[PDB]
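Using the sequences and the accompanying hints, generate a full structural model.
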Amino acid sequence: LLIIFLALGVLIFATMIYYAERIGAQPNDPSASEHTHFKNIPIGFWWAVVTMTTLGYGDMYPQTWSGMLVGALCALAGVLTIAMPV
Amino acid sequence: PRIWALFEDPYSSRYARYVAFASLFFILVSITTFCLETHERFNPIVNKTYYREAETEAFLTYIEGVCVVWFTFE
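Line by line, the protein sequences are chains A and B. Here the authors' numbering runs 346 ahead of the position in the first sequence, where the first position is 1. With the authors' numbering as the guide, the letters of the second sequence map in order to residues 174 to 222, 235 to 259.
This list has only true hints and no planted wrong ones.
Below, in silico cross-link-like pairs of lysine to any residue (SDA-like), each with a Cα-Cα straight-line distance of 25 Å or less:
hint	chain 1	residue 1	chain 2	residue 2
1	A	385	B	248
2	A	385	B	201
3	A	385	B	213
4	B	221	A	379
5	A	385	B	208
6	A	385	B	221
7	B	221	A	380
8	B	221	A	373
9	B	221	A	375
10	A	385	A	423
11	A	385	B	216
12	A	385	B	207
13	B	221	A	376
14	A	385	B	200
15	B	221	B	209
16	A	385	B	219
17	A	385	B	246
18	A	385	B	202
19	A	385	B	205
20	A	385	B	209
21	B	221	A	377
22	A	385	B	241
23	A	385	B	240
24	A	385	B	215
25	A	385	B	243
26	A	385	B	204
27	B	221	A	386
28	B	221	A	378
29	A	385	B	218
30	A	385	B	206
Residues from chain B that keep clear of chain A, each with C-beta distances beyond 12 Å, as calculated:
hint	residue
31	178
32	179
33	182
34	191
35	259
Estimated spans, in silico, between C-beta atoms of each pair:
hint	chain 1	residue 1	chain 2	residue 2	range
36	A	357	B	194	15 to 25 Å
37	A	432	B	258	34 to 44 Å
38	B	204	A	419	12 to 22 Å
For the record, the hints were derived by calculation from the structure and aren't laboratory data. Backbone N, C-alpha and C fix where the C-beta goes; we use that ideal spot for every residue, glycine too.
And the structure:
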């Protein structure tokens, strides 16, 4: 149950943060994402694990208001979905 | 009943469990194709003649077509 909850949360929040961080993307740069650590989704998996476990290394964090909302939701949902079966 | 047995519980039959495993495989393939489509390694920059952008690899589009064919059949 715990591994299923973690996998679902990680996938959903990784996709959400990757799409949120691209709203504030600068149009000038040719690449889709240049100023954000969330250049793709697997990086989102790593960040989602680190953020749901309330670890918070700080190597990668959202830098956009939408990203900040997604990050707050990720932290809260991680606390809940970890405190369910433990 | 035999038609609807494809949407019933997997353990309720053998065809049901087999279609369940197949749909699981195809959903996982779709999710993986999405996650790899969002990557840089599969989005190399190209020159189009006058717009400059990055294009997705053809393999991902073909796999997506296969998965969408399966899902539309189901």
